[PDB]
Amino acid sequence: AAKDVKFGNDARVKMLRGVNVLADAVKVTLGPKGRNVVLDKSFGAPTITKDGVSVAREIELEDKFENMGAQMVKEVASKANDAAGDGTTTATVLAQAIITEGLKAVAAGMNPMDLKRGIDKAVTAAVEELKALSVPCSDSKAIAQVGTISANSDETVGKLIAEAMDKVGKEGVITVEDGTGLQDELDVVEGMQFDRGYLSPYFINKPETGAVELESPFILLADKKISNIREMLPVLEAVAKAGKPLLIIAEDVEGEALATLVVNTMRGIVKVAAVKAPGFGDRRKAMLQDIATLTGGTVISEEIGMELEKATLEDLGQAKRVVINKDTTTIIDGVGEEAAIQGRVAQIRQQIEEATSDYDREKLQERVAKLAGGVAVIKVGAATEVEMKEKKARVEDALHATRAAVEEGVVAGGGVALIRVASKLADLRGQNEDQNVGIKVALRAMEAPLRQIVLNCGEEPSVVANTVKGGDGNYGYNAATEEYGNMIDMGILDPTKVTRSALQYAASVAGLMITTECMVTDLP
């Protein structure tokens, strides 16, 4: 109903207070010497967390304006985490630093748009310098070392990741699965991974990983929009009689249909997950047919004439395991005759040599690569169940980190990369003095995370920051052992994607914060 609006300095200082509270919450959990923070729970047992992702998830301020600012910073930090797999705390610290210094400059009389342009210029130059500084990791030894470093210096997980990428491919689909016994066997199975996540966060049955897991599910794929329940009633009853979960992949499931399947999943009569089918246009239909071939099913397309009412359980395909993340899905070991899979691969290749342009042939190459590459499952195992669980968590984290590293590269971790590129960009200039002020703001913010890490360590921030500043290359400071040296050799690695994404998203949110002049929020 009625809303109150704040114009000028008041709204911006409300954002400053909100982001400062979020930083107070999160930045203390940065670096190896990360202080514990208590997240109270209504059930009765408070949870102590050293990771800032949960802390950011649990922050929500009381004042509407401060809450709005903190929530925008949290949103961009979550975007950075989704894109890179890490860097939530670093992105939040960078964003808070840029916001603080930019607001201090604006209150002096600087033009917010010029400050944003200076921030953008400095961040672009920093990304370029980071790409220059990134150390490639494409060899098997480099991949193994990165995987080992990420998962608390364990050689077994590093070897598993290295051999998995050797088998399925450098950019192949790799997933972690609980394995039976002490040994951890690895093999490749037919499957796909199209990056279009769940329609609703109410399908999540594994909230710890923030993902959706189905065991031996049924794959129902229809080349049509679904917004009515009566079409899915027969297939839902059929799968409920079967008892196995059902996976829905179609153009879109919205309206009463999405609500009713969400309600049914929440009640627990039958577990159903729905994700919209990959692509759009004719390529969407081609990918849907490829999935049906992979999982030994048929496409329920209204174009042919047959519809969901007559859809039996036999015509729709099935798989052995489906993992649906926030952004992607993974059919693992789809049951289906390999003869049909090779026939589809041959047909796609024939289309490739019968292409008309480079774009369509590239799309066909992507499709055939996803279809024929397969999925490598890491059946990680340990002596006990809890050890297997915690080892699986470590292996999944290492897999994410190694995927990021192989995608972009490895650069000096612990905030050394950001301060190094800030040093290398000491000569940046803008077309105006305000742009220079913005560039200086960006550089100071870029050096801030190392200062916060060494402050949580205990040592004086300025001295360590200056000492790292004087050095060249990847030489930096390790808070774990309070000694200097070459960072990558000593084993403190952060993927180039993580730092790049953190810096870029912090710059984006800071630019949005600085230039904001009004707020429209509900009355308290």
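Numbering follows the first chain given and starts at 1. Between two forms, the rigid core is the largest collection of C-alphas that superpose within 1.5 Å. What changes on going to the form deposited in another entry:
- With the core fitted between the two forms, just one of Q193, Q145, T265, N111 shows a Cα displacement of at least 2 Å, namely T265.
Same protein, different state: after the form deposited in one PDB entry, show the form deposited in another entry.
The next block holds one chain only.
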């Protein structure tokens, strides 16, 4: 259709207005003393929330250019949140600061490319300084401390997380489920988590966490891209009559078959989910065979001769539970022959011994680690249903925080890490005056979030920022208690991975926005 096109400054002004609206909607919730925002719903009961991801999802402007700007900023913020587990609000605030200062700079006449180069150099130095400032948390005591901090100073959640990731390992797959007993239960079961997500966002049935959950589902193992429906119709009918959910694992479910699955899901007649196969080439076939063995099923291989039309119910694998996220998909307690598991791991170890290059050795070691490690299940329990649900949510948040921490370490929270980084990098210089202006823009951007937090608290932003800058190390201003001192001692801390991802993605989206010369939008 006809598209209205905006060239030059006005398009950037529209994008700035959109990002300003989004950042003003989101940034109010930032900080422990963060004001809540009301999201009106169609049912009739507004949902008052302080969580940033829901506000980001709900925001959608009517002006096409502002809507596109807000959409791209929200997309990069959501990517940061999913990669790190938190920090989407911080990423949005950083994006607002960089965009505002960069547009002010380019209005003077500075080259957008030089500004982008300066911002990239500044954020690279910021990442280096953050890694230098990061405090390791490899020991179990530090892991328990991080878990306690994340879930509103609760010792039980930290102890549970430490025990789980000491039983299965630092990089082991850990999941949580509703525990019927009052006492929390921690069991290890066979399971696997690969790095593929759902093909269609409409597959989500729990919008609160933005994931897909199936109870006791059948697993379909196919090595052919799915495009038609007629070949999977017998299997779909069989699983529907069995009254159980279905999970389809193939190279790619596309064409009209994906649309058929989507429309069936929104109809709600059958809850079926499909995910892309992990890996490619012979590795993809190997992981599909491993998953089939883990789930106690036989892979439908058209190369061998098996066909989807003739696929039977017994060929499909089974598992206790599966959780699907847009990045990773996890299988919980896949029922299968234990002797088959030992046979598979022994064969993989034999291939490791027979492997020639260290690359193949690493791949086979990853496969055998995924097979042998399994998945730990934290069956959290409490006295009442609502209390147990709240505790499960807190455990999930603390698990994500501890995963990020053990992945990258921990740095002083409350936004003072960026303050320290800016104070240390204030002497950085670029090859041109424009690059120096971009670097100063980045420094003000990293100093912005603490100002936003303290403004939400109510105190003067400039005074608090200057006092934090004057200090050294982890000396910062606590927003909750309205006092200064060490964040690590007080316990206001977040994993450095969250801050690093926020900085990098805000810098990337800001560089994309600054170097935007044109926009194409559908005509209203």
